[PDB]
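Presented as structure tokens, the chain that follows is alone, the form deposited without this ligand.
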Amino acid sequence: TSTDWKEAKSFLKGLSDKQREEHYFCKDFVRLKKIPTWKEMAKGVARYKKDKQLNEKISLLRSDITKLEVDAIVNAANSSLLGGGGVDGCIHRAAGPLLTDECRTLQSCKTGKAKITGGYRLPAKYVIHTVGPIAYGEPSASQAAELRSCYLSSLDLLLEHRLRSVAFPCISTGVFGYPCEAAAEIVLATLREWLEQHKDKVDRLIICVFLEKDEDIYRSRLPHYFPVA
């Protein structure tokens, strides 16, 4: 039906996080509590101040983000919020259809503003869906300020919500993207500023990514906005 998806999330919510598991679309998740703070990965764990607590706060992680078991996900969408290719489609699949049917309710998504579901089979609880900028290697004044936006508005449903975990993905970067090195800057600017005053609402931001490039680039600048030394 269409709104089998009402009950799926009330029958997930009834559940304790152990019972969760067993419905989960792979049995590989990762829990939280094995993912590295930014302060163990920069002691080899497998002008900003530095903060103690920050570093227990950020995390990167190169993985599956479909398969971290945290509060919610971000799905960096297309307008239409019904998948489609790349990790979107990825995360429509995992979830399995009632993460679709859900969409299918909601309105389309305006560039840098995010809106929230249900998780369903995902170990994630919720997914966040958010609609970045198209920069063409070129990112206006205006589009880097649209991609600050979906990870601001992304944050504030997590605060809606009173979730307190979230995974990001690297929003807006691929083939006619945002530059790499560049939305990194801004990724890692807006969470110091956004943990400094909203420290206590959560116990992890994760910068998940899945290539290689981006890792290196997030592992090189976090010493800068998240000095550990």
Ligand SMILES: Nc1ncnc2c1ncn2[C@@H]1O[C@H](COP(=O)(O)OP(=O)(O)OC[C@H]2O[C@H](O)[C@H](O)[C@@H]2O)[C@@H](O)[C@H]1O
Given for the second form:
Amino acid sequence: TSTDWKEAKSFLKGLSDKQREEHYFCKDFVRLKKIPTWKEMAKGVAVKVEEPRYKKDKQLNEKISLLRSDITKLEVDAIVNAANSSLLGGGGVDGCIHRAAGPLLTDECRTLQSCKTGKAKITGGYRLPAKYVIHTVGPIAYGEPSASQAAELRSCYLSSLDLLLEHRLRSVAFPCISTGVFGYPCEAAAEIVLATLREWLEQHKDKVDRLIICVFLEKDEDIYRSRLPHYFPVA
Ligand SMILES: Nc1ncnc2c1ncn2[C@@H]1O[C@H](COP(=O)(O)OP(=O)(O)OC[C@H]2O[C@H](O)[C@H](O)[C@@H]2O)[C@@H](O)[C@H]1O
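Switch from the form deposited without this ligand to the form deposited with this ligand bound and print that structure.
Okay, now the whole complex, with that chain kicking things off.
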């Protein structure tokens, strides 16, 4: 029981990544190689002219992706879970991740007992194509977030990336933390995420191959695609 997850986790750890594929809950996973970068995705896109706020950086544009997808399908080192402080699961992407990873994910989460807002903890990925899950707890906005809550949201992304770094992982996908059940406005969240990932990549670009913005609703897809050229200029 309380070593079930331990055994499975350690077991999957030894498998080659195409041995792992047989164990994935899905057969339609998305390999990282097939996820295009922002440098590629920006070819042919009309950037409406603006007062510039960032320098174009080819190399940083190679390390961020925006993708509309179910995040459980991404074959990356880690997907980030928009969790609750109890790590019990829930009806948003937390529920998709728990169902796709399996009941053994729940058992590891029980040993981690809680997660504070703006903080993060890592578990194994189990049946998920992703090797690990980084669980973080966003602020609960109730429509109109406070400045301290804008800081908590930024802090979920930084604590998540800090854990990536400590565990020497190089690919991660993020869902739109706090914007579902926790009610953060989608526009204000994306401004914070994009500013945060740019500055983080300025300082740590050598340590990762890809940060992925995994959006789920068209609304966030539209929001992010329109703000990406401001934070990651291409011309
Ligand atoms: N399968 C999916 N793949 C990727 N993104 C998804 C998926 N399903 C939903 N999203 C997007 O994920 C984004 C985040 O929405 P939410 O998941 O509510 O998270 P929160 O931080 O606001 O609420 C956390 C609470 O609810 C939780 O269940 C926890 O247990 C907590 O109790 C939205 O844009 C979704 O469209």
